[PDB]
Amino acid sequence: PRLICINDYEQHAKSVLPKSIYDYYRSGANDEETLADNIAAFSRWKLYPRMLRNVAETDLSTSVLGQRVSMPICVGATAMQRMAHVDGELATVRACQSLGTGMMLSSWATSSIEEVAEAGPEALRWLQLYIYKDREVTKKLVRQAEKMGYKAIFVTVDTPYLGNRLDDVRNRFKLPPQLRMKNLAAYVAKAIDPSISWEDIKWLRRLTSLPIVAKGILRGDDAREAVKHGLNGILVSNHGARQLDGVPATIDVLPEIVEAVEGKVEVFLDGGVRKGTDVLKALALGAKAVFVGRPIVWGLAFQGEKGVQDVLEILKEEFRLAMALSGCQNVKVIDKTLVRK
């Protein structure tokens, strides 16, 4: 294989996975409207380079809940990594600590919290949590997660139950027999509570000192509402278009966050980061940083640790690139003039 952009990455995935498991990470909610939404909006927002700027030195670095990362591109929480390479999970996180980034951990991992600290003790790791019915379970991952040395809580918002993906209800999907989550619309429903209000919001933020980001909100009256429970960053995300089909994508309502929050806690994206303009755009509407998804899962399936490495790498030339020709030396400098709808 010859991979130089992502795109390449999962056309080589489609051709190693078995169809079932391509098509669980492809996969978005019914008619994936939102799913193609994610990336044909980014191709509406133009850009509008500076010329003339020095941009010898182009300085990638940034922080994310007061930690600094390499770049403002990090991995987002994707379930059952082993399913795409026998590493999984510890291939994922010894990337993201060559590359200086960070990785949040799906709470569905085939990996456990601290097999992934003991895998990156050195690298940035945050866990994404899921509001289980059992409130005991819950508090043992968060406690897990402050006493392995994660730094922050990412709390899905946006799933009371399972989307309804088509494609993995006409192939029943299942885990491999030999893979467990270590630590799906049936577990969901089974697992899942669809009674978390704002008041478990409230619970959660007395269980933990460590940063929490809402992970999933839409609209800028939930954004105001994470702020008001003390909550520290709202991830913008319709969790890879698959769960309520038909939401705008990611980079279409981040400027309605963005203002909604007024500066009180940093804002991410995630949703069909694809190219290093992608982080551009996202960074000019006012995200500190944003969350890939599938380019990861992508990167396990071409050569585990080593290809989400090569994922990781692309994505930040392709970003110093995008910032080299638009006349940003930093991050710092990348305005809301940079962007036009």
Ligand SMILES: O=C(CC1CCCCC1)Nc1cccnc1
Given for the second form:
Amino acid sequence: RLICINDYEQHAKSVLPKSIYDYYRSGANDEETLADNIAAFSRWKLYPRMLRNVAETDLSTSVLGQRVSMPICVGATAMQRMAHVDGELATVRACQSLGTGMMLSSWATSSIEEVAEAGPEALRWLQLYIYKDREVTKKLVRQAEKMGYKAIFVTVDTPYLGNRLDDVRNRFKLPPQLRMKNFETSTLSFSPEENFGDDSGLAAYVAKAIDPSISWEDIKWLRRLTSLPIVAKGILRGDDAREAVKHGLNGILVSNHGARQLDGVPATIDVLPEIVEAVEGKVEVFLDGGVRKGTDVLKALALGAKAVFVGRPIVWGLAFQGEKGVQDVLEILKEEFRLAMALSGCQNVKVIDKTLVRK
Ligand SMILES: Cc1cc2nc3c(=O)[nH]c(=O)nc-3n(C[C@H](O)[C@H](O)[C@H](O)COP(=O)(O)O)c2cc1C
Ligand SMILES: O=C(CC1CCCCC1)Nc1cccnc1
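Any chance you could show the form deposited with the named molecule bound after that form solved without the named molecule?
Then the entire complex follows, led off by the chain already shown.
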């Protein structure tokens, strides 16, 4: 049946309730960037070397000092138990099997501790939102430290939620049996019994809970709060990337939030070279947005990314078959990436060079 990532999305549309599929699929507004995140990869053309000896292709690399089996990691996607009863527990188990890392959403339907218990040997990182309540925010960071998470990815592109039109039409909220499990109060847990207005429930949750005032001073606060590596997630400008380096951060995740925040920003693959240039080798640079195929991974590494993160494909894996479905999606990406390396003449990730691509 399902042999590529597109097949998993098509299957997910056939089995998920509309409101859930739409929440996961949607971009902001007219979804111009959503289309471009994919189309932009196709404009970058590959210039493969022949006759390089590719009998033994090594996909392994490192993310912030921690070894991974491939430069393909799981990005934070909220509320995974909407897709499959086991949600984030299924995802972390699959990541452990693959030897890759899982970035856990602050808006997960499973707690920091529950995910660590399900994937004790998995490489795990926490995606952090800065809540108006700094005591909540600190508690999340402290729990990530205690529970063996290896970095914080602080999201910097969401002072307010983007306007996802289907979520407004559908009046998106959690199904009755689920909660954001990192929080205790009805509002912070996004209880679907709380009053979140007449439009998208999630946009109202953000407006109530998440601090629109945050600034570089809050990054200074976070840098002093934890010794863990910190990655700025959602940077699209070289000047902001340089500022993140000046604040002592340890990486940049070039991201447009899966095209869900400001519509009409460029595709991440198109802004990646500016960001790689701007940081001058001082920190690792990662990419997410539109990764669906092994050749997308190859292109991102050729342009200087250390690794890429996948969002929606993971959710579609869950919707098919929980842990097994996430494992299948990651195995397809790994095999497509191996083949793309081999056909391009690359024995290992260290020889994936800039001459492999042109736009
Ligand atoms: C359904 C969904 C939920 C998401 N939830 C979060 C979140 O909780 N925190 C966050 O920082 N980013 C979140 N993102 C953004 C992703 O981390 C990532 O940037 C994006 O999914 C990458 O693009 P892709 O879906 O094309 O792979 C979400 C994205 C999607 C599609
Ligand atoms: O606080 C630090 C160091 C951190 C501390 C923890 C581990 C890595 C670096 N740097 C900083 C803070 C504010 C403004 N400029 C620099």
